[PDB]
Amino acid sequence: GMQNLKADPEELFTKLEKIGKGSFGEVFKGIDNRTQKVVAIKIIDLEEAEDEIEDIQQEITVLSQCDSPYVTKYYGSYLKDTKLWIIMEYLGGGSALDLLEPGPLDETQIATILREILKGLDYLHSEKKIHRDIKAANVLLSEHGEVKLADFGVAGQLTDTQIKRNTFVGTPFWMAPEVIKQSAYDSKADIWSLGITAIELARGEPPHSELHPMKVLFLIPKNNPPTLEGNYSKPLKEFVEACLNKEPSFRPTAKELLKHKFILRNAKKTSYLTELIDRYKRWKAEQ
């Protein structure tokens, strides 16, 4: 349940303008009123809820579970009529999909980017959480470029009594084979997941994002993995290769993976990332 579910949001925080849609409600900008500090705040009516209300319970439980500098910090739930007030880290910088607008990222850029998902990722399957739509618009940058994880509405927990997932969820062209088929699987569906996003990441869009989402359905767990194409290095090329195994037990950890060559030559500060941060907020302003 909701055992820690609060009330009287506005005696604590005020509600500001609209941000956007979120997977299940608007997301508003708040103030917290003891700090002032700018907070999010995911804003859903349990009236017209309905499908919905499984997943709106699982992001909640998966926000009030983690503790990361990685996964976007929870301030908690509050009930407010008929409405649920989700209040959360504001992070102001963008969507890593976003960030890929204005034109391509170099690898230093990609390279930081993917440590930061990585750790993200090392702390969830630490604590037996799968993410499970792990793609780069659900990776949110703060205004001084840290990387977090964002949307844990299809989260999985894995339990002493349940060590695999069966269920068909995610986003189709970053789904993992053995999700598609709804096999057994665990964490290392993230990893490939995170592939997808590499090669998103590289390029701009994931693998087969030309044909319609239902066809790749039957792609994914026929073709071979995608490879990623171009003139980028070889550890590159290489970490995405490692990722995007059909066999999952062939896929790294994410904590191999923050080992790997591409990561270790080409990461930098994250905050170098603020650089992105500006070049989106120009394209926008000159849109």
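Residue numbers count along the first chain shown, from 1. Superpose the two forms; the largest set of C-alphas matching within 1.5 Å is the rigid core. Compared with the form deposited in another entry:
- The Cα position of residue 266 differs by less than 2 Å between these two forms after fitting on the rigid core.
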Second form
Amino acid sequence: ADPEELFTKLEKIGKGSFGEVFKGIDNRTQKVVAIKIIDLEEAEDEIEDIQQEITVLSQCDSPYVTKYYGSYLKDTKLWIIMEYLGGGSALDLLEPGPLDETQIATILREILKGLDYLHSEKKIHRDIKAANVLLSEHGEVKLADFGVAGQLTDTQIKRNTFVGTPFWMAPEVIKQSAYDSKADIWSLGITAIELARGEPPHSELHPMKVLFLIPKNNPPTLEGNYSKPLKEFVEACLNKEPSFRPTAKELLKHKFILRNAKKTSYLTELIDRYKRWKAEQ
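For comparison with the form deposited in one PDB entry, provide the form deposited in another entry.
The text that comes after this line covers the one chain and nothing more.
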């Protein structure tokens, strides 16, 4: 199985902490794919995380989670084949300017369907933030970046690992207590603020400072010119006690969602705005 023979790299579309991501195509069947290529010698440090990402990805089967088309090994390089999402991340789409509440609600609804799927599979994402929410060019919204996702089982009904991105981390995760899927609900509340304001609470502070602030301080609220149901949606998520947070399933029925969420195809307006912006940068 030679991925240099099976796939054609068309353009580089991303560079993360390790490896490189390419826009590619299956030379058989001509489906366009995202290809994450990692040098396993250069990232021997991360092989455990890479293994987990691939494992979780292979076990997911949902229109709200980035599809996985397998991994290929060429010499020391691992080729991870995924669904290609060329619309940009929700964070990318914030670059040109603010979202309206119709866009915020539509994006949050789709993130919620993704979380409801994961949580029904007893999986916890643990790194929900707008950068890890990816859109297709025609506005479909999917969860990405499963490198630190956790699996609950019948025996392991809670997780304890300190993991995530600090601005978005739930207080119970930070204070490595036993936690479950409600940790993602906190992160969603922070992401809702991020979608509304362009950045999470404490964004200007040092990450290590935030790590003691999040357990100590009052939970964040959304202030300013936002509808009260949006402010209430945020408040519902950002409860320091995880058992008082609603499930993703309940949140799908929240008034801010029901009132403001529209068809995902309307998000092409946002995707075009990003393309216009990018062309004049």
